Structures are given as structure tokens and as C-alpha cells.
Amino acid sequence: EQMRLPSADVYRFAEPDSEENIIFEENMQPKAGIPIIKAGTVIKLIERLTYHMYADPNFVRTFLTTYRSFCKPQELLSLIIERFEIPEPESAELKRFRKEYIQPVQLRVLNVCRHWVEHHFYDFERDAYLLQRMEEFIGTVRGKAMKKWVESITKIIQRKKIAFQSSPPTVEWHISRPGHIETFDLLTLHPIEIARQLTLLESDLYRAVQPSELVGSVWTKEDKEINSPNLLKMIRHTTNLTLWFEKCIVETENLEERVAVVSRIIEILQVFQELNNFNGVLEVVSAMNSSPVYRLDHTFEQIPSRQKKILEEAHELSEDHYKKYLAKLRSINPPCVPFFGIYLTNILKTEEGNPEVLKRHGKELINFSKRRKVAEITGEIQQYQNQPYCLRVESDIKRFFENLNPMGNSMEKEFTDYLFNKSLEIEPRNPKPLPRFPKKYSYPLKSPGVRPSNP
């Protein structure tokens, strides 16, 4: 039966639904049968975030991930404190309202606070007054059903303020021996271990990126260094490794030794493919398709066809706007290291290609579908961050790659031009004859292969 709620003059969240304040999508919430909100006013979004009829975890999860584009943390807290503070209407009516409206609504604002403090604690780390107000509000909360949730929120706050498999494969070694960090290089370390240790770094770098660094396309704006530092460390490592692979190639002036270098890198690619490190796969593909490397026809001619074919299928992952990459990522199960670039573009273009507001009968409504669409991409990013790799860290090999600096003190253009001028030197532009260059490696060039040495 229809329930009597207070007037909008005293309580804003009692205003009835209309085309001017809340609209929905045609379909219904997957797994739950709940309407999908397309757009609404902030008051209507807060009402639905703390709805009395039912709990809406997906909307809560979406809201708290993307609300900062349309509402400030300080403003949201005020709104949820306003929501909680329910005045009784101006008996059968009052007893049912207390059990069917006040208790469910007050209980749902406490779930929001809990989810906020647990999953988006950064809002409180960056605004101590926001945490004073949250802790203050939570102190005023009294009741039988509340004590349980009020104590859980307090136990999360103090924890946040304080601050598992079988045996992994044996570490593989080639010419360089354990501890002899001074000899470590592309051809001296084992190609399986280079690919494993790079996959561990790249997996940790991938896992460290949070949605606070992605929502609002903040990695593309002036404060990107402040707001997206883990994403940027991650992209920079990737860029470093691509440039290192190119440097290794073009600074190996002897053709036979250079053929050994390109082959070894394709072996590192083959192991990245095995390990589902698509970041790694594309680091190698990007180095191979770079202007200095691509043009080395005398080098690729002498590469075995098995390795050419391996490189060819890895290249095709990037073709037709990452069609095969996308399909292959959906077909595999973790652990994996996705290529982040696609996610970055999709979030940017979603946010730049859709309006912040929709207008119905002259009134402005927040476009929540735009926000949901972004939370879907960040959710997919997080689904691949749960699973770790069952591979042992080799601390010296790890540190070797962490400390690579192929550019040195040079700027991008300087270094890029040097790599290209080395490419033209080692293999001149036709019809200039192919010169010969002395060998630079005292050790053997033959690979140990990509198949483990022991069981």
C-alpha cells in the first residue's frame, strides 16, 4: 500500500519521481532485476543510493567510484547526512514508516559510508576535515540495528589510518651466474628468466594502478604526475623496455650478432605469450615495428621462420584495432598482464564523447550511464589485478630491469634520432652497400632455448 512521506519543503528525498528528475534505461540490472538508472538529479541519485525498497550494491559500487565528476566528497557527505536525518510526517502510520522507511534508509546510508571508507579511503587521506566530519557523524548515530554497523565503520577507519600456492619453477640461468650482476645483459641472462622477471615487474606495476588514477581521465591533465603516478611508472617501464630492445638491436653492429639479438628478443616474446603478459608481448612488438628496427631487412632475412611466424602472430594481435588481442584476452584466464593503452583510450573517449548532463523538460540531470560505462572499464581492469603469478622473484635480475635507463641523460628526440642514425649506419639505405662490423660479444651467441632446463 502507498506510504505517507514528509514534504519536500522539510525533506528533499521525498519528492516524487518524474521525467524532470530521474530517467532509466530500457534493460534491467544483470543478476538482480533492479531498474538501471540512465540519469537523474543529485538528490534522486543519493535517494537511489540509499533506497528503502531494496539494496543496490552495483549502483553503490559505481557511484562511489565515479561521483567526483559531478559532486565533491564534502558535498556528498552532507547529502548522505541529510538523507539519514529523516523527519517523521506532520499509530499505524508512524510505526510502519519507522520499520519500512527510516530503518532501511538509515541502514543504507551506513552501507555507503562503509563502502566509501573501505574502497575509496583516499577521499579521507586527502581531506582530513572530511574524515573529522565522517567520524563526527558516525558518533551521533544511535540505535539497536546501528551499533553493529557503526562499530564496523570505526574498525575500518582505524585500520586504514594505521597503515599462497605450491612451489614455483626453478630460476633459469644461462651465461651470467647467480650474484654476477656485472655480467647481466640481454644475451647473458636466460631468455625464460628475462621474460619471467619482466612479467613479475609488469604484473606488480599493473596491479598497483587504482581507479582514482583513471576516472576523470586524470592521467591526461596537467596534474597527471600527482594523480596517476602508478599508471605513469607502469607506462614508463614499458617504454623503457621497448627502447632498450631497440638499443640492443641497433648498437649490435655485427649482423650475425644482431641476428642473435633479434632472435633472443623473439624468444622473450614467445615466453611472454606463454605467460599471458600482453604488455610484454607489445613491448617487443613496438620495438620491432619502430623506425630503426623495422628497416633492418638483412637482419630479419636471417631470422628462422619459426621466429618470424611467432613475431607475425604477435604483430597481428594489434591489427584491426586490437581485434585479435581483445579476443585473446577474453579467452584466457589469470594470471595475465593486460595492455593498459586500450583501457586508457576507452575511458578518455567515453568521458569526452558523452555529455556530463542530459536535459529533460529544461531541467539538468546528471548522466549516470556515462559514469557506469567508465566504472565497467575500471572493473575489468580490477578483475585482472586479483590473481598473482606463481613465479619466484630473482632480486638481482629484478633490480637489473628496474634500473635500466637506455635513454641516459638524453631527451626523447635526441635518443630517437641516435637509434635511427645507428640503424642507417649498420644497414645503409639502398643502393649503399652493406658494410661489415666487428663482433662485440666475447661469449657464445647460441640460445639455451625457451624450454626449461630442469623439471
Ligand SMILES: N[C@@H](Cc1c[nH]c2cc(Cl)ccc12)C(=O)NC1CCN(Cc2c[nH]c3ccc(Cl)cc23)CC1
Second form
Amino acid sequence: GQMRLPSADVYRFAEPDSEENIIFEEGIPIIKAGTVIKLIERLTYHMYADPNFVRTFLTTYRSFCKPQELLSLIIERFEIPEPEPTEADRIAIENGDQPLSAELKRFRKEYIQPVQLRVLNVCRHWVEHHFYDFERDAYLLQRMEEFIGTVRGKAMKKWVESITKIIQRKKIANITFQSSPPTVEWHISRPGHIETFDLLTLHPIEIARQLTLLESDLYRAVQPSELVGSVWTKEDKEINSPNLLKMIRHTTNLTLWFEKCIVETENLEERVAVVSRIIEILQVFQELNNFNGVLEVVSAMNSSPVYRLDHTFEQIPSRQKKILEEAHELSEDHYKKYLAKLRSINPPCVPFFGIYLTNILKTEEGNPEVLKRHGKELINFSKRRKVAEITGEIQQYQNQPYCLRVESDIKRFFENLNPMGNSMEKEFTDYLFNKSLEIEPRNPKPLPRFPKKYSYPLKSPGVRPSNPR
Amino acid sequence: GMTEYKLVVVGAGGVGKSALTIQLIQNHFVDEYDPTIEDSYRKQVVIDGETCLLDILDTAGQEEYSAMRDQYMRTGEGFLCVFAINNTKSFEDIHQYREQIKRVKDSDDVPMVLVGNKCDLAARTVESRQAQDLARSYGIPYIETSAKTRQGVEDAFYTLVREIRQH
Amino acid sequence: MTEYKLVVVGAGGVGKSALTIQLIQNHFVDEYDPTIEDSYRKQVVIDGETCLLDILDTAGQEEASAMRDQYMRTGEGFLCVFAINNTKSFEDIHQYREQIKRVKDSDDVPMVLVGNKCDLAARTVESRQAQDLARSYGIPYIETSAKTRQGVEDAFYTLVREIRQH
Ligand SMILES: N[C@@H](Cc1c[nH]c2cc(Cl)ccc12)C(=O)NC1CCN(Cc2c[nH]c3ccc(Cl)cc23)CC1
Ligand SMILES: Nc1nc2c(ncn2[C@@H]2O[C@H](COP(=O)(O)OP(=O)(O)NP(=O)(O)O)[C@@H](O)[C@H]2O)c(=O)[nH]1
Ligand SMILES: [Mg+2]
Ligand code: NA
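Can you swap the form deposited without the ligand for the form solved in complex with the ligand?
What follows is the whole complex; the chain from before opens it.
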């Protein structure tokens, strides 16, 4: 028979399942909706562990439960009453004998110890992976420290002492590879000569490598706290989503820099060399699975000032036309080929974040917070599971590091890039479009000639790497 | 077979723009959505007795990728320019969205509709007369929609398709 | 993309978590924080085929020993880990092997025997003794170091190949 449970009057998590408090989707069950009490029961269930559910719940719960209330509820879950002695135990004790306590021992082993350990696993995951709740509420951290530090009894002792140490380390808070990174490549600009660094003077291989390291670091820094609740679109976005916004602003700045390099090169032959060099950088981005970088280039080529430069693109070698075409095709049909390519490559990679943002926002906006059933309001947990599937995908690509060496001067050059200067956006993008009209006027105006601006060789070193001994 | 229309939704972020396409494409009568699903943005419809396929691009949430707007807009044949009726800044943004569409499409006469969206119960700050006057100054229709009751949603998209058909 | 459910089992402190985090993040964990249950995902191309590994990292401490059936039911292949400087952890292997066979009601479960901490000079379990046990189970034996990465990809990706061919 099943174990008997405490009375639901003394322990709220013993209430029977019903459609008034939990609904399952159509081999562990998947929850569609439930009360917060039922969600916490299944989060810490005695029959099985559900690590995915712990991640989903801890990522999304603030949309339906405050952090202080969550802690109160899991402390209530932890404090499980033990059953009274049974008739056979009573008769043994009345005869001066030691009772067998069979039912008590089973309840301890099969209900209390698994539920309590799973409550501690929620606490451990909360502190390790969602510590921002405690950074933002010092009193919440005090309550967690007190709860963990006062759990008695030897069954939980190893994990209680461990969690105490983890909390203390988090309050005051190295990569190994299968091989060596390739040698840094140099072209016209030589090491240490940062004043000559530019699109055509740095090696295109190394431009793509150093931008990939920068963009990978920006991608890896975005936490789910910047995404849940669509907070990057709201009035406090600079407070709540600073790493995401830094990542997007880098992407925007590089796209605009590519556009500016192109349209400020007024001589046609030089401008062909500039566009060709950017397509070579795109080729290396593709080789590195830096899809953010690929789309930075494609967005620049499709911008209003650049797209119209028919005289320039007419002189691009056919093979480079094919590289740009197949990069542009990744975005067609609502990113169909991009999504398939991302799911096929071998990481490390740098995903394009924008699709994730649109899917999180539309999942939030397109599904109700609660489901009404039998007069009760149940938390719509399926909606939160869908959001956490997206944040889980994001996190999966944040794990793998690139085996590439940083060049501190090239890194600083791209960190400090500022194509707009002090100009506002409309000002600047109008300037780029007017430059485009200057260098290739609308038909039937004749095409003018312009003097060269570069004093160094325009020939590319190519994008196949070199290897001296 | 049937004509496919490529429509693009543009407008300020953070003020409920995404509700327009969600409510259209939705199971009209079940409040639920999975945007990751292949063709959660394609819908076959009958407009004035003619069956057609709508393909709707709504990049809601990507507004900070401002240098990608040209690329996204380039894909469209007709545009819904959306503002929130309780956010005056989103209304003032409309002029620059329209100028950008005209530039990307290289045309002074691009099919488009102005949409004023009621996204919550906060106080309206853009009156319907202000928006009608703006739409008339541009020569385009004006449609108001509710983000909660689906009112106006079909009118907004069908009016745009009629603008494309009559271009 | 095929999905594979891998489970890492073995006595407390043998390095199950360090092995898993080395695979996932290319990072060696110096701390000994006993696991309750953790789960990781990794997209990786193996023999030219992309897949998605779901890796369950389990509790080795004896206090959790009554909670194993639930994860053994879900797993499709098991890394059975001991430490080569801990003879008791090697003697614990057969208890995991027998429990997995009972729960899955099968004599033919994908498994790999892993002798971890092979960076340490002071070995107490000889390779031959572990290889003899592996042969008796019909499974490969791979020595690993979560610290240096020696053998780590080989252990996990060998298990994937055995699930694929199952
Ligand atoms: N049927 C082709 C043949 C062709 C001639 N020149 C080309 C140069 C290229 Cl690289 C690719 C194709 C051609 C055509 O006439 N295309 C016109 C004129 C050339 N622009 C190039 C362009 C600028 N920005 C872009 C962003 C993405 C992509 Cl895919 C392309 C571009 C596109 C529109
Ligand atoms: N030298 C060396 N130390 C290792 C290696 N693998 C793990 N360790 C160390 O051994 C200790 C225990 O590692 P851990 O991964 O936590 O073991 P576990 O098997 O997951 N423990 P549990 O079962 O309690 O979760 C840590 O101090 C860790 O740094 C290894 O390959 N070499
Ligand atoms: Mg562990
Ligand atoms: Na306003």
C-alpha cells in the first residue's frame, strides 16, 4: 500500500491532487497548471527528481510568487511531521519491548528524506544559479542563511554544511583545452602600432577572430534575469538588462562601422576592395560559427546606403557574391536556414540573439498568466515552461569557450569603435545615405570619379591561415 | 495558385505592438500561442471574396537592433505602422518609420496603414482626431485596435491588403 | 538531432561532477560540493552526426542511496565512475551495475567503466583489475582526468556510440 500522509490540516502539501489544484498535460508527468502549493509539491516530489523542472521554476517563478514567499513556502515544505506509533508499536511498548516502527522508518526513508533533500536541492540551485534574488534583497539572504544553518540531524548534514559554504563563497565572488590556439595573424599594421589599425590594415582573419572573442564574451554574459518578464523592452531596461543591451549595441555599432567604411570610401576601386574585405571577414565568421558576426555583415550589406551601390557590387568576384548570397539566405523565410544551421554545427558558436528575444516576448504576450478552472485560478505553468525552454537553449550555447588567443590591442580597438561619434542616430544615418548618393548618384545622373584615400596596398592577404614552425 | 502578401509590422517597442499579429494569427478563440512553431506567422484568409495567404513579419523585441531595420523592412510589400494610444512618443516616432520605409523601398507611395493600439487601461494620450489628421496628411488609412478584445485587428490587416491590391 | 540521456553514477567524491563540468564548460572544479542531482545539456557532433546530450549528474553520498531508481529508469546509458586512488569506490561499482540491471530489467544496458583521477601518481586500483571487470560486463574501460581533460571526451562519446548502436 501507499504510505499514509500527514493530515492536510497540519501539512498543506498532503492535499489530494484534483483538477481544482493541478492539471497535467496529455515517464514523469508534465504540469500544465496548478496552485503555487501544488507546483512546490511537485518541485520537491517524494517519488522522483525533476532537475529540468527545478531550472524552469527557479528561472520563471517571480511572475507568480515573490522571492520572500517562495522561501517561506519551501521552509514549510521542509518541516514534515512524523507519524505516531502504530498499534503494533503500542503493544510492543506496553510489554517493555522496543517497537519495530516499520511504518515510521519507511515514511522517513521514502517521504521525509527525499522531500527534504529535494528542498535542499532547490536551495542549492537557487543560490548557485539565481543568486541575483539575494544580491537585490539582503534580508532574503539572511533568511536563507538562517534556514540552512539551523537544519539539524545527520541525514542532511553533508549538504547543509556544503550549502552554507557555497552561500559564503557566492557573497564574495579558468579554461583548459584539447589543443593550443592558432598563432595571431598580422598584415600591414604590426604588433603595438595601434594608431594604424583599420579595416584594411589589420589581418581579416584576425579581425574576425578578435570580434568573435568579443561577441562570444558578450553573448555568454547575458543572464535569464535580463530576459524573463520581457524586461529588456520596458522602461527600466537599462537597469534590468544591461548585459543584453551592451551586446546589442556592440552589434549595431559594428554594422554601422561597416557601412561607414564603405560609403566614406569614395573611389570606386578602393570601395570594391573595402566591400571585398568585409565579405572575407564574413567568410571567417562563418568558419567560426559566429552567426552574430555573419548577420552584422549581412545587415550592413542590406542597409539603405550600401544595398544601392550597384557599381560597387558589380565588380565583386563571383565567388564572393556566392558567399554573401548564402549568408543572406540564412535569414530568409523567417530564419529557416539559420535555425537549421545553428542546430547542426559543432560549438563553440555565437548565436544571433534577436530571434530568442522575439520568441520570449511573444510567448509572454500571447499566453495568459492564469487558467480558470472550476472557479479557481491556477498558475499557467505551460507558459513558463515555454519561456524556460528558450532560456535553456540560450544557456546551452553559453557553455563552450573559443580556443582563440586574445590580442589586447586589437580587442581594445574594437571595444572603442564609435562610428556615430557625438551625432544622433537620425543625423548619422542620413549622413550615410547622403554619402551613398554622392558616390553613386541616382540615375540618370552620371557617375563621378573620386581620388584615392589609401596610401597602402589594397590587396588582401586572404583568409586561409598560415603556420610557421 | 493563391497570392501571398508579405506584410511587415513596425513601431516602438515596449507598448504591446506584438498583440496585433498574435490576435490575428491566434486560434481566435483560444488564448494561447507558440511563436516558435513553423508558420505561426502565416494565415490563409478570404478578403473581398479572394483567398490569399498572409505572411507577417513582426520582429517585436528586436527594436534595439536598429541597424537591422532596413534589412527587415526590405522584405515587405505592405507595412503596418503601429503606435500605442497611451504613449505619445510612439506616435511621434511614426514620421521617421514612414520615411525609413520610403527610403528602403525607394518609393514615395508604399502601401501602408497607421494603427493606433490600445494596449492597457492606462489613460489615452493620443486622441483619434490627432491620428486621423496624421494619416490624412500621409494619404493612408487609420485603424484603431484593442490588444485585449481583438477589435480592429482584422480591419487593420485586411485594409492593408486592399491598399496593396489597389496600388 | 538525436537526443541521448546519459547518467553519471559512482561513489561519493570520485569526480562525477568534475568530469561533467570539464565536458560542458572546459573548466576543472577544485571544490568538493556533494551533488543532490544536477542536469546539463550539450550539442556536439559525434562521428559526423549532430546530437544533443542530456547529462544527469547524480549523488554519490550514501545518504542518497534510496533515491536512485527514479533516475535509472530515465537514463539510456550510464557512466560508471570510480577513482583509481580509492579501492572502496571500485568495490562500489558492482552495486551500481546490479541496480541498473534490475531497474531497467535488462542484461544489455549501454555502460562505460570510468577510472577517474588518472593524473594522480598514487594509484591503488590497477588498470588490469578494472579491465578484467569491464570485460566481465562486456563494456569498455576508459581512464580519465577531469583535471587535465585526458580521456574525458572519449568516455562520454564512447557511451553515446553504445546508445546509438543499442
Ligand atoms: N541578380 C543579382 C546579380 C548580382 C549583381 N551583382 C551582385 C553582387 C552580389 Cl554580392 C550578389 C548578386 C549580384 C542582382 O542583380 N542583385 C542586385 C544588384 C546587386 N546587389 C548586391 C547586394 C548589395 N547588398 C546585398 C545584400 C545581400 C545580397 Cl544577397 C546581395 C546584395 C543585390 C541586388
Ligand atoms: N586530481 C584530481 N582531482 C579530481 C578529479 N576529479 C575530481 N577531483 C576532485 O575530487 C573532489 C570531488 O569531486 P566531485 O566532482 O565533487 O565528485 P563527485 O563524485 O561529484 N561527488 P558527489 O558524489 O558527492 O557529488 C573535488 O575536490 C575535485 O576537485 C581528477 O580527475 N583529478
Ligand atoms: Mg557531484
Ligand atoms: Na504618453
